[PDB]
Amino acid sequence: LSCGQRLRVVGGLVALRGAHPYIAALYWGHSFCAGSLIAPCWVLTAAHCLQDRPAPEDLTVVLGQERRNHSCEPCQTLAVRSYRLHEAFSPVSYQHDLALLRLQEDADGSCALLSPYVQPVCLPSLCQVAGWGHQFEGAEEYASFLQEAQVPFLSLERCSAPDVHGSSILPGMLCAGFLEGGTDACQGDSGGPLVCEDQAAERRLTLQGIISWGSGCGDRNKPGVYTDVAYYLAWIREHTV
């Protein structure tokens, strides 16, 4: 498939190489964030990851990772040429929590080299959250292997209820998970994906959300809040030329 091809977090299971070929790991200093390769030179992440404005030259993007800590011969390490946070991102409400990383092209104009293990994810036009974050709130360490968990969408009516997130859910956000708790994104999953298999398009992986924020991890009535990628389609297309 041109995009969304697939080869093979609290309450998740290990996601081996090729399960999320689009997932990107972003490193700088002692900080980390996840992202999604949406085109060979473009990675979509959360704006809150880059609030402190690290210099692009200090960033490293790694594609093809299974364990974050291992050196991996087929994995692709790329420099970041520049990045763009959404101009409306608010560090107080977390509205408009999205950012684009423009990967550094080589002498031949190439960034990510596509393979069975590295493939872009489709943009919108069943659902899982993935990441290397804490496997429970307060965990001393990030997960060693990439984790994946199946989480369903929650309507704006149910997520904006007073016992759930109330008035905190603003336009551009969506919720996914369970009101029962137990399965969700957690600290360290920032910027990562919420991908769905598009039944209408041969089950191709489609990026529906960006892991943004949560009140706890897997708590009852507190599902994870994601940036609604479909809400920003024109912004993404406008800034990825």
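Numbering follows the first chain given and starts at 1. Only residues modelled in both forms are compared. Rigid core (definition): largest C-alpha set, two forms, superposition within 1.5 Å. What changes on going to the form deposited in another entry:
- Aligning the rigid core between these two forms and inspecting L205, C186, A47, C33, the C-alpha positions shift by 2 Å or more at one residue, which is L205.
- 197 to 205 stands as the sole run between these two forms where every Cα shifts by 2 Å or more, at least three residues long, with the core as reference frame.
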Second form
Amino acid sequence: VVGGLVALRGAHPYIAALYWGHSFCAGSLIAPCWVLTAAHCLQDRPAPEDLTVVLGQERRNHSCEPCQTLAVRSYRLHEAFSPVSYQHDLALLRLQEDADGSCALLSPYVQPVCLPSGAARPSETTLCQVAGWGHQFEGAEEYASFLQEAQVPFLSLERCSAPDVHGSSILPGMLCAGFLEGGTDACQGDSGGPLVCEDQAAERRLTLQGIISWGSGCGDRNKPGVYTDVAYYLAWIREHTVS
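Having seen the form deposited in one PDB entry, please provide the structure of the form deposited in another entry.
Chain alone follows, minus partners and molecules.
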């Protein structure tokens, strides 16, 4: 994340860290046994046994005291996902339950994030938070150690699909957030991570409305980050989550 600061330990209980082989991705706990991430992180289709999910983590790849490590029972990429356009860039991870039949062991540092309403009409007005362990700048040598978070405004599709910004590239199922003047954005290694935005309707007032997907550069002017519109896939999430 560029233009962001370190996030406090209790700030992000829903964020998930995904490890396998030499790769890394983030994700969001949407239910005690379910993690929502980006499909392009798994386009290589690595075996589930290889996969490791760590919840309640603050420092990337560091063991910690409320850290919980879980195996992945199975995962599902969206059927219509394109590795070229990154359309439908979302995937479900089914966590492996233990002997007690529990997956995630909920605590103040490990909690699921509320799914979005979707029925609400989002103005540019909506403010969001983006989080990740990715690069802090485009040229950055290494991923961040501490979790970085940044405040970004939601951006309308009509403005987004504009020629000046992203133009034709934006497709249904996609949403944008950030400042056209740039400065604050998601960055490579942030993929799969959460975009939590304000929902005044909701009782929790904050819902997962985006999955970090793609973009051009970090924080470049007129090039806001592109996310998967979680609200667009509620039926799909309901359908395969229920499994």
